[PDB]
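The lines below spell out each chain.
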Amino acid sequence: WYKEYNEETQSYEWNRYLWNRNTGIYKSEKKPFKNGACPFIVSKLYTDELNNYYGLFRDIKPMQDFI
Amino acid sequence: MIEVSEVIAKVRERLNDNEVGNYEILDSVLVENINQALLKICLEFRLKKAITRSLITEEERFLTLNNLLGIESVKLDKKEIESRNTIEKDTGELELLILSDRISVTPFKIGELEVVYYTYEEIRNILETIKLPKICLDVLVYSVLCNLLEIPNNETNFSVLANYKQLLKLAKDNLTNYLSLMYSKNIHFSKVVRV
Amino acid sequence: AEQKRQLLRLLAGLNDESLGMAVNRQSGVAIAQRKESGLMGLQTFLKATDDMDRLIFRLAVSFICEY
Amino acid sequence: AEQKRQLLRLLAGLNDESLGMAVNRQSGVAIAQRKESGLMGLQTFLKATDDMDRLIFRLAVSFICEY
Amino acid sequence: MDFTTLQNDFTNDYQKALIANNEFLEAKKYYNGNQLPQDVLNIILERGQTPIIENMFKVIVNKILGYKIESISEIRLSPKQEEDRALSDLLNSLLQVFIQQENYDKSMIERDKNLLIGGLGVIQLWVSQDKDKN
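Chains as they are written, first to last, in the deposited numbering: chain A, 202 to 268; chain B, 1 to 195; chain C, 336 to 402; chain D, 336 to 402; chain E, 1 to 134.
One or more hints might be untrue.
Below, a list of computed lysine to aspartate or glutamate pairs in the DMTMM-like style, where the Cα atoms sit at most 25 Å apart [said to hold, decoys possible]:
#1 E:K113 / D:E352
#2 A:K245 / E:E70
#3 E:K113 / A:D249
#4 A:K235 / A:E205
#5 E:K58 / E:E26
#6 E:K106 / E:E23
#7 A:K262 / E:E46
#8 E:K113 / D:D385
#9 E:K131 / A:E209
Keep in mind the hints are simulated off the structure, nothing from the lab.
Starting from the given sequences, assemble the full structure and let the hints guide the process.
See below:
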């Protein structure tokens, strides 16, 4: 799902490309939702440096390893 | 530096054999015993460290050292060599092969060897000179003298040997004092453990 | 092992164990009620879930008002 | 280690642990209410947040009354 | 106003604020588990030991920020005179579209995390107007 701004209207729209590696593009559709809205809602808990998601696992992992 | 003449003279005096004409103990025997004493002294105290930096290829695979006592560090192209072996393992981790004063690398790899080891520079003539600190004189005498006292010249030779053992222990204490004063740090406090 | 077993519950925000008190604190849903606060350690996780729910319902309202 | 673990909570102002009491002290929002004071150690942080909120809303009122 | 004084004043401001930004990045690394130095990690790993990091102050910051998440403060406006009330009750109605937007709680919690981990809190405002006179 790619965010690209149009040239007819000056707003961003999301377009869908179903494709395979080393095969090419299977199906390409542009603005397939009548508003150009991305269907995904993402949230990252505990973003850190080097742009990773940290989670609750890493701070409680050495206690589990010591146990 | 210690001359062999003075070691020999002290041993001759101590053995009640300071007679030029007679020489009940042949000088070959004394030089061999002095070689043995140098062996033991240089092994126990790690007196002589030597560094050899050669190259091993497929043509010549072994590095011939001389008067080897021990290896304390091996580098191959500035890479640490970890284990030591004498069996010529075919493959696996990279180990140092020791073949009784011949050094190679077990799963052989072309390169260079930088080896730190220990040496004798043993003597063969009475007119030679032992390149050791003068403080090492008494440990050479008292150690070679215990090697000769156990010829059965007298019925009380072993008690005399026992006395010379304590004298040798004191001489070794002096030598350790000297070595610490030379090749050790002048520190008066320890450092805190950092983990 | 017992110390790290207690520290495992401590590090995940499960100290001040009042979850059973907090769920009985959410009985009053009358007209105008707040969160009726219990825990503090897990509040980052609850806030991230709240923000993702707000984004989800914004996208769902944008779909419902369009299709 | 246990002493420094208690001193970590002490040095951050989390002594007098009455945060659960303090959030239930903020139920009365009727007409004219004060802070209804709990903690003292974290009050510098709360006061700095209050002053930055006052500056933020002064700038926001200056934008709203202009644009 | 040209490139010369902009570059010189940026250099003077960046070099005099490097010792605090380094401590800010150290604090953000300590908050995200990276608490041991490189030589201590090497000393631990040379003995075949697994380095255990007790992130005992992440739960402290999480407790203070958990207090601040539900105690998010808004600012209401009150009239000074009696005639200003019709202004203020107007503006309190106009600040609600600034309050109940999605970015408000995110910016406030990021602000409090930056004020607690480090020392700085920076919040910017913008007056964007998209397409329909909004």
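Okay, the hints, checked on the actual structure:
1. Proximity of E:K113 to D:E352 is assessed by CA-CA distance (about 20 Å); at most 25 Å being required, the pair is judged to hold.
2. Only pairs whose Cα atoms come within 25 Å are accepted, and A:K245 paired with E:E70 is accepted, the gap being roughly 20 Å.
3. Under the criterion of a C-alpha separation no larger than 25 Å, the hint pairing E:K113 with A:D249 is consistent with the structure, at around 12 Å.
4. With a C-alpha separation of about 15 Å, the suggested pairing of A:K235 with A:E205 holds against the 25 Å cut-off.
5. For the hint pairing E:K58 with E:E26, the CA-to-CA distance comes to about 14 Å; that is within 25 Å, so the pair holds.
6. For the hint pairing E:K106 with E:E23, the CA-to-CA distance comes to about 24 Å; that is within 25 Å, so the pair holds.
7. The hinted pair formed by A:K262 and E:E46 meets the criterion: a straight-line CA distance of about 21 Å does not exceed 25 Å.
8. For the given pair, E:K113 sits about 15 Å from D:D385 by alpha-carbon distance, which is consistent with the 25 Å threshold.
9. For the proposed pair E:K131 and A:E209, the alpha carbon gap of about 14 Å is at most 25 Å, so the pair holds.
Hint compliance for this structure: no hint is broken.
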